[PDB]
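In structure tokens, the next block holds one chain alone, the form deposited in one PDB entry.
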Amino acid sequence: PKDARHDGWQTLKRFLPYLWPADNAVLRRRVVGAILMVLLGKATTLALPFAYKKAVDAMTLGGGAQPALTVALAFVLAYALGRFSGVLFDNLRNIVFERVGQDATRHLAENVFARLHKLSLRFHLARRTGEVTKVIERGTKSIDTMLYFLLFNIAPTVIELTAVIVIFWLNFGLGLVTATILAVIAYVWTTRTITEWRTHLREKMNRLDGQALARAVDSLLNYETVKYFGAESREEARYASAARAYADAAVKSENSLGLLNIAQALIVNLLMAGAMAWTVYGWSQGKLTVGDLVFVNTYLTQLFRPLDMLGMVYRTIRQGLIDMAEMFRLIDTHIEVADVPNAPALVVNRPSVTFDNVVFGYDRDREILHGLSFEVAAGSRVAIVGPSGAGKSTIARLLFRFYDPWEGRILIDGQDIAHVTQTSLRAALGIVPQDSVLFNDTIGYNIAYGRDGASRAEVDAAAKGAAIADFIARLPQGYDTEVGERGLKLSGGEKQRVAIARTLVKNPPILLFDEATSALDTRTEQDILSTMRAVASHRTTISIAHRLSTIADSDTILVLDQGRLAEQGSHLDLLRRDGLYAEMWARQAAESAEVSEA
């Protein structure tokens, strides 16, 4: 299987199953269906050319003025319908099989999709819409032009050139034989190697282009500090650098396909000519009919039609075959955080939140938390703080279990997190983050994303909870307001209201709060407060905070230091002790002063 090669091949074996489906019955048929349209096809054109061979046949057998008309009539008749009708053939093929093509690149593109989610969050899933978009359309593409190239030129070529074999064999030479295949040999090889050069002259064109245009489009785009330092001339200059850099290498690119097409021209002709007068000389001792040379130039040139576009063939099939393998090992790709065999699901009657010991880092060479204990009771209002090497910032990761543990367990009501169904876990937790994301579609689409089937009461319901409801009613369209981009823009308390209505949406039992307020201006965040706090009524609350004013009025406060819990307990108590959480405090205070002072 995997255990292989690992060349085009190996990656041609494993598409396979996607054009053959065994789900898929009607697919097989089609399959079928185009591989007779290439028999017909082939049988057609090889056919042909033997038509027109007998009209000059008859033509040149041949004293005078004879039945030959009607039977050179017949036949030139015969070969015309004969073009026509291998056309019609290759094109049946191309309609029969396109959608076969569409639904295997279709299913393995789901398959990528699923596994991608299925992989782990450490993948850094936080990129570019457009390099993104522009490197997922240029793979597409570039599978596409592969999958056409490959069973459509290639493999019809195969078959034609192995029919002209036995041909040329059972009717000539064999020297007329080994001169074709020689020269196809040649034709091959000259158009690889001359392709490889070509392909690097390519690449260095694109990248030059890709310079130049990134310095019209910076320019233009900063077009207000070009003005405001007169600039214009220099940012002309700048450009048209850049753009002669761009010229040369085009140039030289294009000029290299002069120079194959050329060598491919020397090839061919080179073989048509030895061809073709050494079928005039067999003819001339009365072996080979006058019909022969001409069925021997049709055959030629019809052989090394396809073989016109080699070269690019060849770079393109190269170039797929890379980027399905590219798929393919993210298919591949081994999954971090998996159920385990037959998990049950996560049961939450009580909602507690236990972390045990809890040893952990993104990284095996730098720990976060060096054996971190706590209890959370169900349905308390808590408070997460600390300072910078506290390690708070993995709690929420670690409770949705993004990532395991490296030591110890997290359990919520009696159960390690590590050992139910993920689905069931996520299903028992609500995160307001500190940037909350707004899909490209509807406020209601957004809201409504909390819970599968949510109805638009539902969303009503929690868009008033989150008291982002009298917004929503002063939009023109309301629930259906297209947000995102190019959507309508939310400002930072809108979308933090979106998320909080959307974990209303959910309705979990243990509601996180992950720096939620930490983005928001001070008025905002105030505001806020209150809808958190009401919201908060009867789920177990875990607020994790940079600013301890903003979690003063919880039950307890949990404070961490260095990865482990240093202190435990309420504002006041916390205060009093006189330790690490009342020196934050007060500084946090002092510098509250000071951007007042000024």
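We call the rigid core whatever largest set of C-alpha positions still superposes within 1.5 Å between the two forms. Residue numbers count along the first chain shown, from 1. First, how it differs from the form deposited in another entry.
After superposition on the rigid core, the Cα of residue 537 moves by less than 2 Å between these two forms. Core-superposed comparison between these two forms: CA of residue 33 displaced by less than 2 Å. Annotation for residue 60: C-alpha shift under 2 angstroms between these two forms, rigid core superposed.
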Given for the second form:
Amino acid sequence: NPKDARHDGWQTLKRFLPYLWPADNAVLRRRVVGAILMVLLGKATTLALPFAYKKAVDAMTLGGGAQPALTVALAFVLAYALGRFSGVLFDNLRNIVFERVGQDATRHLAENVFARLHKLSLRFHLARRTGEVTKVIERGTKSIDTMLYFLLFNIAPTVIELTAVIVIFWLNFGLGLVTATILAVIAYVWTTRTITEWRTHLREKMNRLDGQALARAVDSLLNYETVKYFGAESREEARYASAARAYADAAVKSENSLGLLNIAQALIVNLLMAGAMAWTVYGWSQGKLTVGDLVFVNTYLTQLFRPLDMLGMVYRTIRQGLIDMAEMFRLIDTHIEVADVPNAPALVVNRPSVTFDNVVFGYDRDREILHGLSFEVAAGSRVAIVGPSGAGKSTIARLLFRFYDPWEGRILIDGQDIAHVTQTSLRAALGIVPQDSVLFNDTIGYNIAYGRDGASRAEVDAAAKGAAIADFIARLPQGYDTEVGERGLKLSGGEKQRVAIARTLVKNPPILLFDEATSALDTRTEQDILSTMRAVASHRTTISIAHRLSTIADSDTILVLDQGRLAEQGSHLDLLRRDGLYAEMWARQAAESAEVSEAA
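So that was the form deposited in one PDB entry. Now I'd like the form deposited in another entry, please.
A single chain, with no partners or molecules, comes next.
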């Protein structure tokens, strides 16, 4: 198992490798081979070109058997120039050939994470700020892309080139040259790395201060009226100014440290240059080496250290990239609390009854909410579930849609344990109008059609009509194509709840749940929407969970929860007659509304 290993960069890359070599595609695998071939051609080329330059100088200084020297030297100079152009061509062709592969690999990584995020439990409460998440994901995407590019196109070729230079220097010089350049590369890498750790710290402090200065400015600008009301302009300016100075100080330190890195790098490189060239000319002095060899060695060294001129940034980005990617893999690895059992049959609803069979449940194991809740909802009846503050009624919907499983006991629909069926069929059987309905950032029509995957215009129109929002939509300038939600037209609470009703009408489920559906609405809106809700509950099993008892008094039967168990059951009149918990709640709520009514 690759997962059974040390949690480092090597493991992360090893996990990423199958994305780069799909074994699903074969058009992409070809592209990868082609890209590798371009790396090889490009290296062969850049290694070959300095020999051409060397021969040209040799022809000019040892015209003994390289005649006519003019023709020979010209030929080699053209070979050198053509070589430079060719090296660039091969490099860009490898990038171009590979790009599709990279984009596909990262797209598939992202898709796997996205799917897993939808599979994971509700208790991670993914409802947070849009801008924060977006900024983070933008940052991570850029990060992983840069990492991938630098590993494949900067680090790998440099390793190939470095080994080649070692062999070629070995076969033709020194070997003191080989040890000098290897020591040089080691010094260079170590220096760059240690300086880069320091620079990355300074960069983090800089960025933090920048965010603070910007936040002060933005808070001020979005609060222009308040700033005016209190004549606080100068105060705000001074307050931005101090933060902006703290940022400028940190920025100066951060940028300066780059100068220190460049100077260190140049010191190492140029010491090696001085030594190698001195050694080469000395070798010439003894008749061992040609003058062309000087040009050859100098060229080999500058070509070698060219990609390493970015090593600081390369190091910072590959590191951050590996961290960001390991985070992706940690999500994909996180285990799924609620899964279909192996080979789960579809739930088959012929008679839509609902049974809670001795249900024990809580969100967290240190706080049990339901203590053995049992009840039976008849097929086609309209039932309500009510209780006081600790009753646990707010769990019913979440259990029924299997956002969570019972700790003990079970829930059945049509005599079938919902824990043993596919989640998709289970949810196909259920409609819900929740307390707070949320709209996608899309058109109102898209939002209504969302109730069913292939929903036609007629179905949407019919539901909008059934939810009595059709007229409201007709009066919108852009009608069904009116963008709603954030970044869009603002709907009232009643209008959103009507869009939700319309969604469930599109879905047409056999069992429908009103989950505190009217609790966020004002009194008149609540009363208006109740006739609509009653009409849509027509030939379905309906379960309404409500705080205000009068809104559910017309139910076929009412289930009263107390302390996570079923305390009372029956019609509204039977419950008033029993003079128990429901009667007390009813009396209290009526008194409350009477008192509120007194304050006119």
